[PDB]
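Below, each chain spelled out in residue letters.
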Amino acid sequence: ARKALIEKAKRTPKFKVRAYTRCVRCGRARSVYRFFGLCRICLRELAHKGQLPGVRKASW
Amino acid sequence: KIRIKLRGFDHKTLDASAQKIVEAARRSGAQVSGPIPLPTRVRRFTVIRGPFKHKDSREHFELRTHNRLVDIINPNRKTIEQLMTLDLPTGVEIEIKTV
Amino acid sequence: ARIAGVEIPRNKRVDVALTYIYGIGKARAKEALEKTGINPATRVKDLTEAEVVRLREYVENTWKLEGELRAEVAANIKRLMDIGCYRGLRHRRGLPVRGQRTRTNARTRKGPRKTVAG
Amino acid sequence: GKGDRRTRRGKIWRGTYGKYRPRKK
Amino acid sequence: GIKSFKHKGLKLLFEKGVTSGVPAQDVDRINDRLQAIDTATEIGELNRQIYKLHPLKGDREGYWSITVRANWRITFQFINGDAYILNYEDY
Amino acid sequence: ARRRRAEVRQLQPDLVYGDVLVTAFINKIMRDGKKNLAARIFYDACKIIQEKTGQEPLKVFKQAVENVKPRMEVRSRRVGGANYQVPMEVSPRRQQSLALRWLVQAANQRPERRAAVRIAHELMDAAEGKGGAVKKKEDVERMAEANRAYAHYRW
Amino acid sequence: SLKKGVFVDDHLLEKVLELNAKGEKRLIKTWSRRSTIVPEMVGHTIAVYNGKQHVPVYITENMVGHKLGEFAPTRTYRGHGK
Amino acid sequence: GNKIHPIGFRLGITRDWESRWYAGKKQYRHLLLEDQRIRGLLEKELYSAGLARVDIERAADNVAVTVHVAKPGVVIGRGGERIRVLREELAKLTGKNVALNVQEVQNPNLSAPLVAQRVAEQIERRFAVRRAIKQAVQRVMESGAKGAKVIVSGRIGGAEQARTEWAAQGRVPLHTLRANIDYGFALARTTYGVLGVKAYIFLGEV
Amino acid sequence: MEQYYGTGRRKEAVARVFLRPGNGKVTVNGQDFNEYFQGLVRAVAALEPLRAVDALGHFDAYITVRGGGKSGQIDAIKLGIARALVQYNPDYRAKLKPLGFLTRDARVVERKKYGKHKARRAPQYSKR
RNA sequence: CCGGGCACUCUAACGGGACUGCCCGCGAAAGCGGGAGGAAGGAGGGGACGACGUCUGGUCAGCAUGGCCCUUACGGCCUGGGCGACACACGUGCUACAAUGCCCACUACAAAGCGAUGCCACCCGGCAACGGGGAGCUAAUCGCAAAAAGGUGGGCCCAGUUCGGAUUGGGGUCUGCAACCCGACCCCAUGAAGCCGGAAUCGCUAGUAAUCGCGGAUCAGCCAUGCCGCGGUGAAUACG
RNA sequence: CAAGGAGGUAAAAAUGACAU
Ligand SMILES: [Mg+2]
Ligand SMILES: [Mg+2]
Ligand SMILES: [Mg+2]
Ligand SMILES: [Mg+2]
Ligand SMILES: [Mg+2]
Ligand SMILES: [Mg+2]
Ligand SMILES: [Mg+2]
Ligand SMILES: [Mg+2]
Ligand SMILES: [Mg+2]
Ligand SMILES: [Mg+2]
Ligand SMILES: [Mg+2]
Ligand SMILES: [Mg+2]
Ligand SMILES: [Zn+2]
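Protein chains in written order, with PDB author numbering: chain QN, 2 to 61; chain QJ, 3 to 101; chain QM, 2 to 119; chain QU, 2 to 26; chain QY, 1 to 91; chain QG, 2 to 156; chain QS, 4 to 85; chain QC, 2 to 207; chain QI, 1 to 128.
If you are wondering where the hints come from, they were derived from the structure by calculation, not from laboratory data. Quick reminder that beta carbons are idealized off the backbone N, C-alpha and C, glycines included.
Anything over 10 Å on all C-beta distances counts as not near chain QI; from chain QJ, calculated: (1) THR15; (2) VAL24; (3) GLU25; (4) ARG29; (5) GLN33; (6) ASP73; (7) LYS80; (8) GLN84; (9) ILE96; (10) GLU97.
Straight-line alpha carbon distances no greater than 30 Å define the calculated DSS-like cross-link-like pairs of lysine-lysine that follow: (11) QN:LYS50 - QJ:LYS55; (12) QG:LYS48 - QG:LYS60; (13) QY:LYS52 - QY:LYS11; (14) QS:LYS6 - QM:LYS27; (15) QJ:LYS7 - QJ:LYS22; (16) QI:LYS116 - QN:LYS58; (17) QJ:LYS80 - QJ:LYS99; (18) QI:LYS25 - QG:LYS48; (19) QJ:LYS14 - QN:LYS50; (20) QI:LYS113 - QN:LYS58.
To give a feel for the contact side, a few chain QC residues facing chain QJ, derived at Cβ under 7 Å: (21) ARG21; (22) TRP22; (23) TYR23; (24) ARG59.
Working from the sequences, and respecting the hints, build out all of it.
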């Protein structure tokens, strides 16, 4: 259960509460940020890549 | 009467592109209120540094969204003429409304 | 003054003295003496006998309290005797009623620890 | 009494409002 | 007689024949060992050379360890003709 | 390994008095970082001193501290798995700290009801040489007294 | 705790009501506590699923807000060594 | 070990972005997914070019895409194909201004992604890795570099035992901010597994 | 009526101090320098630089304050009062330095750091 | 609030600002001690940054991937159950045992952030949760929010007590197709254990520990007392 | 000023782990 499971995450019918978030780059169901549509893992990868517009290291 | 707003992620491109419009409006017959620095809306998020499960010690990032305002007096088509479609941004979002 | 089934609380504010009855608590307390029209900050020490009579007559009537409602509460649990539900079995086994965590805690219904060891 | 649901202090701690802590004025 | 499991994969292989908890090439191996630990009436029977039997030391005292393959062990407590806490683990 | 000898922290002088000592006492009163309640209690008790005695609290408090000062204390030291207890002298910094600490503690040890009256009374008792803190002070000096044997280990 | 809804399964009720005219047989199953005790057809048995099998629960008044499956424990426990 | 991505470590000062557009919520998510699918689709049928970067810029339905390549040999003169429907096939799920440009990366021996990719090809050619590392470094160092460092890790030359081959000449200060350090990485797919190639290229700054 | 500089800051607190040369030792903002600061013992310490100088009520105080809590505001007022009397009396420098009434005092609340429970307080552990 | 003004405060963009450069003393130098110099100092206070390597460390359940195995099934869909079980054991915590305290009323003073498929002012019903209305806000404009500890006034008077809130009965609300197993609140009634902790064991050196509330992520809702942040008041001690 | 040759010496504290 992983391939047929990233299917349902985009399928989204039948009751509105059965629909859930899901990382697009991966298939992660946990720690999925609504802002990017990505898991915390993928988000970190791309942020170091530079492929995340404006996204920058936080030092203060 | 004409109010223009310029939002942006990069401050250096903003502080420069929203200064072009101060020069391109002043040298066309108008009084221009200079680069008004509206406060920034910092959008932070904190992610666990490892793909595994090391809760302590992570690493966070921020997405600073800058806002800059500029007002010009009379809406004459002399100043309008230049600021009409002579746009030079890198994706910088611009809002133009008069009230 | 033998208000309901009790009499105990002497010199200690009627709004507080009332509390010392199974059925009164705190809300029904001031509610009873504002509806009876008596000063809450009084001595409780057998003050005006009339106020005490009115108080007694109102309180002891109106709503069920003391040994009578203890019987009703116990009977409401006896409801889930028969061939009752799941909530009854939790009253049977002696375990928490509201489905909480019983892996640890739940000592207020289970009682002190027994320790098995192995 | 930070855990008593019948105080302005417990209602703060819980977050929610009510009779023992009205939504101001 | 085997009486209790600690490893779920081991549990399933002996009970239902479910092999998806162990390595695929160690299916026959693990099986013959478990049957031996099941038939064993005393620890002395689990003494064939190919098992490399020995009791563990330290906090694992009271346990035993026959060898499946490589760095892999089946550990258990044998007592009165029965093994308990059948685990499959690193060496 | 204390490369730096840790410089002595200095305080702010109080209101009305100018003490370089009273604020240190108010601090010991302070719990959870509420200097307001702390200072109030002391000044409250100062008002209480005026009643039971016609003395200015600036001396009553001063003398009390002076009476709850440990001349020498016992110190556990070397050889034998730290078996000895050499009676050592007490530095003016430490006499200072112990005096105020024992005062507040003994003050809250009293059976009274209000914090102010405990402070006031314990100060009056200590000014005389009667306080429970004075007990503590005299006790610590007994220990230091009984150890004069291997005191010559000193250091 | 609903108030303006207070619902029962439509499919449970469909099967329950069309088998309620002038009498029936107690042979009636379900798959959802979700419902509610339902007055009428009190003298009935509803085989409720507990996750493993269908337990014949019996209705004899007394029950109401307790839907079904409260009369169908899903666990067993039974004892802890003792 | 544990060291931060020398690209992300810069981002602000030194080494700018790679996808430069601004949007608020309700848009960022959609436009980032599209943006990444462009990078994903390009990488496939453009690897033979060996692309150092895939810069992307936007301005309301404008989507500019700059493809940096050592040798843009796969562009071939206007209507000679390799661009026409190729830069037009992007708008089969976009439909916006697919403005695709091509850049000429002068020296590939100073482009970290290209260096690592050349090395990762050689791993799959069944080359002697340690010698391949040494050469690639000197090759980078031969083309005027101020410092270089290549790293292959795991399963070297097949053989059951994960290793890590290491070579670096000149100066590579990762901790310094004014660094101008190019970082590249590549997956070498082998019949015995997968190994990763890091490549660090350094030039002066101030 | 009049003006005399005013910029006192302490731990996220901003106070603009004026003072108007008049015998009426007055207040500002909400109510009195009392009233607004009543029950607060250390509140009256903000007027200590005036005691350090020869001001037994020679000025009419006017300090608008904002940000932080009372204590920081009070501290900031002290910095502002001093910043005024040092401005229109450049010779009153030789008392603001030995007494040290002139410092912004960079002592501010330190950041919550991850892992730790709060600033520096470590989350406490057992090996077993 | 308007006229008008933008010098103050603030907002955010580049800069200036100490480099023990200056004085005394020590020294061969590096440097150390001390002093006016100023907001600041002898890395000013905190971040980001983690060498060669070590632990056959972690991680095939994020992802990629060699090999083994499964394929009318070790894959796929659904309803229901379960991850929430409880005779027990350990960790991290939250709330307390009270009077430098609790309750009620009044009245002040923050920062950092979030919101027009939402934040929801002001009215109206309601003891309340909340429901009806309904203005403003693409938001330094409108809203979330009154910060809380504090202060003023009053009441309890040291007793398991107006401490403490567990547990349980009853009545309700809101999200949700639906909250029995297992949701959060609200109101009435119950009011348990606990009167400060054995052997042991932890954190913190200055805005720090302690104490107080606030915001955000995930999120229909929420088991968050958690985690990541924000500011309020603000100790003690360091001989060694 | 700078040391060589001489003498009193810690305690109470054991063990070892699972393919080379
Ligand atoms: Mg999710
Ligand atoms: Mg933790
Ligand atoms: Mg449960
Ligand atoms: Mg704090
Ligand atoms: Mg460094
Ligand atoms: Mg291992
Ligand atoms: Mg995998
Ligand atoms: Mg779980
Ligand atoms: Mg008891
Ligand atoms: Mg008591
Ligand atoms: Mg330290
Ligand atoms: Mg032995
Ligand atoms: Zn992912």
